[PDB]
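Take a look at this single chain in structure tokens; it is the form solved without 5-chloro-1H-benzimidazole.
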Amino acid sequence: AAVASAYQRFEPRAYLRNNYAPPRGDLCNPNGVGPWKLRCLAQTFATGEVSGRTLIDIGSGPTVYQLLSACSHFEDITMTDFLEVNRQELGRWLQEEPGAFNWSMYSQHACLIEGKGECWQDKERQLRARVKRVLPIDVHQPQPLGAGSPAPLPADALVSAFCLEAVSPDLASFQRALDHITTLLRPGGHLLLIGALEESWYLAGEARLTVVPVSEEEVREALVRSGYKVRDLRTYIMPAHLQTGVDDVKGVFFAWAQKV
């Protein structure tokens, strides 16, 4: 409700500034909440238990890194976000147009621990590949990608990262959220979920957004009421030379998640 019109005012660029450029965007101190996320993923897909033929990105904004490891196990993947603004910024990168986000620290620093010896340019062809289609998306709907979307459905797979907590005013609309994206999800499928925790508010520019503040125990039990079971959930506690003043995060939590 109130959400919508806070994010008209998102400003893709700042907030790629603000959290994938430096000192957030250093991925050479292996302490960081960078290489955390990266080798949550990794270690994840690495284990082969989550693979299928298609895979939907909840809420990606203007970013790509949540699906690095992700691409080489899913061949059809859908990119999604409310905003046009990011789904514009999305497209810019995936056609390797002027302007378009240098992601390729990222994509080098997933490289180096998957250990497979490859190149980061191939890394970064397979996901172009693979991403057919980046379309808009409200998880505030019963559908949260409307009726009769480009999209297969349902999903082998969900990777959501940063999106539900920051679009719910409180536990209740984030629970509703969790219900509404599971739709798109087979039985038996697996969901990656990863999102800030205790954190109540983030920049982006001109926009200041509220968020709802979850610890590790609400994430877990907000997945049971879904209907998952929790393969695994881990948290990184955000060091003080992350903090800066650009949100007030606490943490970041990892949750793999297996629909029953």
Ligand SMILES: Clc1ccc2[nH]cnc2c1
Contents of the next structure:
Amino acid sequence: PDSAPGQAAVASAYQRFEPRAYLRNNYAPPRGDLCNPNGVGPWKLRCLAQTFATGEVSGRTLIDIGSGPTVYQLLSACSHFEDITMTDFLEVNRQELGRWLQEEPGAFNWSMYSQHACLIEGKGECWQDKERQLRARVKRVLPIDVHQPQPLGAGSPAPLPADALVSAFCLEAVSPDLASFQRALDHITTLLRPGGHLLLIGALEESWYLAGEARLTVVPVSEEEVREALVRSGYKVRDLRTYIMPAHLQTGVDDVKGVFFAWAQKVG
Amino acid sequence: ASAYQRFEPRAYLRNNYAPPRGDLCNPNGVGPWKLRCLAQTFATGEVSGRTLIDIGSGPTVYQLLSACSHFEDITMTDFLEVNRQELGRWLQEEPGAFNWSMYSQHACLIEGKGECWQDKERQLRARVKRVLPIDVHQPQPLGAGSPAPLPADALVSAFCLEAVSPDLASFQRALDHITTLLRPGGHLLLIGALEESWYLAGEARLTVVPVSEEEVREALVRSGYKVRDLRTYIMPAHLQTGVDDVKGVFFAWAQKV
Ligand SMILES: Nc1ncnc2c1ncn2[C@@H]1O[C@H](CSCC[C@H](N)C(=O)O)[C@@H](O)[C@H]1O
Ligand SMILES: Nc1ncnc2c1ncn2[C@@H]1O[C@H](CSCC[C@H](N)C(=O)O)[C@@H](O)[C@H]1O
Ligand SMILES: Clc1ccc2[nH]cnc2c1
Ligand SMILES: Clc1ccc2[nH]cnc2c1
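Write the structure block of the form deposited with 5-chloro-1H-benzimidazole bound for the protein whose form solved without 5-chloro-1H-benzimidazole appears above.
So here's everything in the complex, that chain up top.
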């Protein structure tokens, strides 16, 4: 009935979130081994690329929701949108992205990811061009709280409404339970134009994951629960696919059983 | 021969395989053209077999990137000790090895089989069995009883012959010599400079025989080849860099009759 406590537990916990430990855990090998095609890294990139390759998802503006310190989620996207907004709750994540944007050395190195995207998009693009294009198309990096009814604040910088939304491993990772999840989904939906698209990626049946000192709580959701929430928010589900986590990628960083990918189109 | 004694491998790599000639991002550059020729040729599935030899490899490996998934036993060669050492460093992942990874990535891009560049390099490294001395001026260019499995099912050679040959006839004999290493029905992929006469490798100033496409064709024919394919890349102004006077590059696919 009342959300404050749960939300406050969530904000408290993320106060200990360590971005480098998160990157190492989920984006360095073995999870970051893009050489095995049966691995989660290549499956993620594939979903994005295949989705954008339909040409059916385009426009001027895009908002990435809960970017964290990662950019892979925008590699295939950046060729289809002039204007990209990145976002995160945590300043320390916003700074991490700042470092990649300034092309500093001390930044996380996404080049294997960039190269792989270029590889599977099959336009023969070099990875440096791809990266240079993402850095150009990222127009701002903003604070976000998906629990607020206006997740970006009032009269925010972001072009509203966006033609498309991307969100990866955010909603379920910051929502104490399924009702919270649903509301978060409902809040971000106010940012998308009617007829626009949402690409949603996340963890299935996950209850915790590590990010350094911080052990964080996740609402474990199923595919059927994700579909239902999407429908319940005013979306037509165009695609919902599931990746089952192989034992060898279950590393003790979380209890994730699998990953879901959703392409949904806002009805209107 | 004495001219090749002053030959600095890093200065050659830097002059030809680093920017601008080594920027693989523009598809109109000489780098991408070369890899495209190699890749396209192997993708035909007609250049196949068990053993292959690369003639005058110098300190470079790119010429085998697409090849290496078609031949389980690979032999690399060069006249100079220093080049053989520079190859060693990259094969053995040693310190101060040249970084070929942009080229690996591009072969993977071009071949379009969704391969990661690390697997490509791994396979190449595994399939190169030996790096041997060679002198194409010799009738048996490899010497008497070489470690190399002869005759080979195929041959590669890039920028070697025209660059070790004073004139057309010295060039034609060199071709005749290496052609003896190639099993009849075998395949030659030959790449070289068009109408070039000199190029620099650090302190070394090397002499080259200026050859034309028609000259290259006639030579392969006279050596006993059926020219399956012969293409030319004209050298753009922006890639004419003071390190030589190459006018174009040629790629030849030939098959010993
Ligand atoms: N109340 C809130 N509203 C929106 N984002 C939040 C939030 N609380 C935490 N986050 C962000 O949720 C992210 C989960 S990590 C996901 C990182 C990136 N999307 C990738 O795909 O891996 C963290 O960056 C965290 O800071
Ligand atoms: N008499 C000879 N017989 C065989 N190779 C020779 C030779 N004299 C010089 N070479 C080698 O010919 C090479 C020319 S340059 C290296 C070409 C390399 N394959 C690439 O594609 O760039 C040098 O490595 C040089 O040392
Ligand atoms: Cl397997 C996997 C991949 C990425 C993730 N981000 C958060 N949890 C994850 C789990
Ligand atoms: Cl443009 C170019 C590329 C490779 C070469 N090797 C010898 N001369 C060259 C010239």
